[PDB]
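S.K.: These are the residues of each chain, in order.
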Amino acid sequence: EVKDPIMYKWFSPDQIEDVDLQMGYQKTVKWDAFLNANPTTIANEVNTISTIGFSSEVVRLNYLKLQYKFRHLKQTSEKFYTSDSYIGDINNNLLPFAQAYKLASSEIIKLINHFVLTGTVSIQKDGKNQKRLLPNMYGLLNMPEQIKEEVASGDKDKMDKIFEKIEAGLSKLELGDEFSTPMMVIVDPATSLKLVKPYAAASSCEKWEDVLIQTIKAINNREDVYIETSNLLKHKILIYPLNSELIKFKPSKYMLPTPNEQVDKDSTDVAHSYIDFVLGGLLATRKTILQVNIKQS
Amino acid sequence: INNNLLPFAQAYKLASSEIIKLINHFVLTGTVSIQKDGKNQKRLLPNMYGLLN
Amino acid sequence: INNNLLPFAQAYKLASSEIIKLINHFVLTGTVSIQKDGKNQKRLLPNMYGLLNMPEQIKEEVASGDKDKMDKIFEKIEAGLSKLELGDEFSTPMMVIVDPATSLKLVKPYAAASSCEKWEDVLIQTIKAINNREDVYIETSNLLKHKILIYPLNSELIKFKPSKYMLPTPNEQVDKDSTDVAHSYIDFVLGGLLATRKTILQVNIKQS
Amino acid sequence: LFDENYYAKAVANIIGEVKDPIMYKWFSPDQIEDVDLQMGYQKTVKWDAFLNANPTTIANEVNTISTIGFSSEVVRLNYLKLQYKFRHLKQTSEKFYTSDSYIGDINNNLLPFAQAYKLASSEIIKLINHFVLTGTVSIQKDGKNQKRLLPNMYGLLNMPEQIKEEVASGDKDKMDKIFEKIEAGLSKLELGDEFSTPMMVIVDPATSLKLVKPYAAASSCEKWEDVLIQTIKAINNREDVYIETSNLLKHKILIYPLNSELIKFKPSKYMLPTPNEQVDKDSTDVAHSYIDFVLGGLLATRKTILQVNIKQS
Amino acid sequence: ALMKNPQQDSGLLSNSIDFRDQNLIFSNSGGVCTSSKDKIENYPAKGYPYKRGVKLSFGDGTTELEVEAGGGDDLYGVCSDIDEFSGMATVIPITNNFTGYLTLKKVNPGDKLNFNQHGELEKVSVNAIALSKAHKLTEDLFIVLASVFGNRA
Amino acid sequence: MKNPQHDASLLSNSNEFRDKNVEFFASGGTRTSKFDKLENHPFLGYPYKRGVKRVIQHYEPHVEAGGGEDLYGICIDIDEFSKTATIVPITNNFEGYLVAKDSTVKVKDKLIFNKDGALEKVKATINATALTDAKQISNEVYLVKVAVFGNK
Amino acid sequence: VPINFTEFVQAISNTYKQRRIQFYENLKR
Amino acid sequence: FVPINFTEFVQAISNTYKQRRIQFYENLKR
Amino acid sequence: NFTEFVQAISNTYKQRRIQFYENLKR
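Chains as they are written, first to last, in the UniProt record's numbering: chain A, 19 to 218, 223 to 319; chain B, 108 to 160; chain C, 108 to 218, 223 to 319; chain D, 3 to 218, 223 to 319; chain E, 20 to 125, 131 to 148, 154 to 182; chain F, 22 to 78, 86 to 150, 156 to 185; chain G, 195 to 223; chain H, 194 to 223; chain I, 198 to 223.
Derived by calculation from the structure, the hints in this document are not laboratory data. Worth double-checking, as some hints may not be accurate.
[Said to hold, decoys possible] A short, non-exhaustive set of chain G residues, derived as facing chain A with CB atoms under 8 Å:
1. 210
2. 213
3. 214
The C-beta atom is built at its ideal place from N, Cα and C for all residues, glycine as well.
Could you put together the complete structure from these sequences and hints?
M.R.: Below, the structure is given as structure tokens:
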């Protein structure tokens, strides 16, 4: 009865591969080559030749384990609290185990989705007072070594200025040889409303959305460009490929909420239960995500 | 990993790929250089030109 | 390894061994303490004694100046053996427990040194004089320190009545939480040493 | 391969004439185990428990109980790869040096590959034996200019956290004083549960001469050697006691058990000398070959080795 | 901090698309141009003399000689590589020329460079000639391509 | 740090059972009750076996070594990978080995947590009593058995 | 039918994985 | 026994050392 | 149950010490 995560819509089927780990890390090694100097000319006799060097890098992904506790009614004490229609003490907000677990799971899943998208964990609408997480734990919005574009505050309502920064970021994007792949776009609803105005005396032929699709289609070898709207974002746009070779998601198989065996029981009718979930497992190559921030000063 | 060494097969493949990149750069731009600025070019023989130069 | 956590099986086995070592120390000395200085001892109930601290026994002390003179040590042993009062129960095996330092001194030849006769052989002959030519065993224990312990092996004079639950036994209570860490309890019982007065010889070689 | 590589053929036909190392006499068949490594390290984990405080009396109701703590210790053993080079004659050039009595340039000290390889291997094995016995690698007689080795590479003499006794200079000739220190050290040994095992003693030749004097007037039919064997038999539970003399040692007495559970030798399977494939060749008749070997792998427990130094001054 | 291979791990995969200016890293061991007839020697390392001029240092006599970062009249060679597990520094003798990136004291091509007391190159005995301007890798780490030709007043 | 025993050259002899618990790796308390309240918090520094104080800046508050009038709790365990510290609140009482300022700490002495999280001889703010004398496990580290019960 | 808590956890993870695969099968981009 | 290459030759050497050590202890009597 | 388990342990310990003395030789 618990709804599916919406983060499944931000990734391709091949981009997600589950791992078996609760808390710990996983390491990957990537090899690379470089040229030291200009090539040597083979004329007459020579033994001093130019060199080609190699370098190695280690990428480590951190996985963290988290828990929540919630109170509910003891199983044997349900019958003394059931009513005509509702089940549970309305005056004191106490629910059976099944109902309490279901609501709690949905809330945790919403938090899990927020972290994957925004890379942070917080319960404040202001977004402050965040939970200090481990390094090597990044989301699609806080990922380092990616293209960041900032729109000036005075041009927040100028769609042309916004599209200008998008083009600048798209130019700086480097897909290498993996360009032939679909693309994914995530916008806030306010941005989505701006995207349906006619393209700019203003034209009456195409829409800003159509121009954006064509512009992205230039760099993805005319591949599909899916657009998604998320209320989580605020004046921010995300563009990144849907290729596993560039961005891959390796979550723990215990990432989604799971009940814990320990149950706190007392002489009264109130019991407590615990839910476990795992955070982490996002890996992305350098300079493959476009992050546009519209300053709302 | 500590000493940045590889087996011959992997080393050769990576080396070949980098050289092919250099060949592509020359054919298009007509110059041979490793700096992103484009200076310190290798002095080449005359009658050696690319499309851009 | 980082947090020093073990499975229950391996943790239990190590814990049991440490308790058994604690039990063995108490039986020999009659005290419970974890410091090598023998301080901060757990205050025990009266009528709880070990072999080394049984009251109203024969106690001999070797002067510090003669800590390395085997003849002086044998002189004190002989005086102690004379004062022993086995009485009716004399045709019984005897037991000797020595520290490793003393044990090494025993194996030297008896003293112009003699031949074919070690100090150990002389000591066995001396004890065999009073035990009616019976077996005299010698054991070495690292728990002792400059102490020689002689007592008979007859149940009529010295008896050990340990509880059937003296050796470590698991408890049925296991503390469980939401984490992966659990706590367990091990139980053991101390006491049950009975001995007649003036049947134990304890020789202390004073060190400086 | 033997058809193409003469040097490989030469080594195989001469490898049988190389004598065994003398270090094997210092261990037991179960005390040596081969590992597959040339350079690097190996790790082992050991767990130990301890008592935090005094036990807790179970009377009436109580929640605060005394605790038992645990700890882990990781021991790492390092392995180092070394190599030597020697000059020999080219294979085809032998016939121009095969004198009537011998093969090789007596004037320039050049030998065929086979004889050069055998003598070089013999010298290296001597170096390996010296290291295991003493823990250091050197060629000077004074023992200086030692090749700096990696940590966690130790021998039976330099192993840390053991019982160390030092006979004073004035008592170097007094065997009773020497035996006094040995007995003091033997007491301080901590074999613990593992005591029913044979024991091994290694002494320098000067010490071995002193061990046959009559025990001290003088005790007939009793000698310092017999006293020592009996004293060691006290703590080993009347097991066999072996005595060995090594010219490598000098005024040192070494006593340690032959138990695999206290002292174990894990040398590399390539520790002994092995030829290299690279052969230096030129236009002349002089060629070069390389022999490489591996050092390290001695693991032992704390306070299980007696080490006595007779100070000379 | 100063080691050839950074101890801190990398958060993301590198982008292996460009092929320019990818050799100016401190991990680049050896020389830009290397001949098969070069003499190279390993020695015990005192401190971390990697990519610095080295000099011979003697202890009391119990242990063999080692090499430590240094220059001046005591300069013996150039450390082009180091193995941290064995603490062995590969040293090229001063009698052999070398061309590679070396530590520069915190400069244009053609400038004359000599080694300081800390084994770092500085502008002017002349020992090497700078082949490029200083490249900054850290607030205090400056490397420079240089070619060393022995000793000459 | 916390567990430096991983760097070792030879196997330890597990025969003696005495004077074997006074070590820096011994985590927790000598006597622990099942009903002791434990809180884990992010930490900045090395507050292991020290008095800790709350630090508020944006990020959630973190604990660091401290004392005086800012004392919040006592760290008894630490996880390096997660950078979290297990803390016994000042309301709950504790008995165990803690860091002392120097070696001049004896039995029966009244102790005060200093601004550096170390225990020093003495008004006083909390009730800390030295149950033993300081042990010089390392050159600068001084572990002392202390029973902490509330505040004065 | 699970036996103990451990098997119950494994069954939950399998349910999520099969749930995720089904969602992509029914997804129409 | 015919070694195919140098690597196999090295392996044969190591086995020969191990077998010789085993034979040495078997014949040793102490 | 646990009660029978504890008795078996005590019986087992007794049998072990009985067996120890049987095989003990001085």
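S.K.: Determine for every hint whether it applies to the structure shown.
M.R.: Right, here's what the structure says about each hint:
no.: 1; hint: 210; verdict: holds (5 Å)
no.: 2; hint: 213; verdict: holds (7 Å)
no.: 3; hint: 214; verdict: holds (6 Å)
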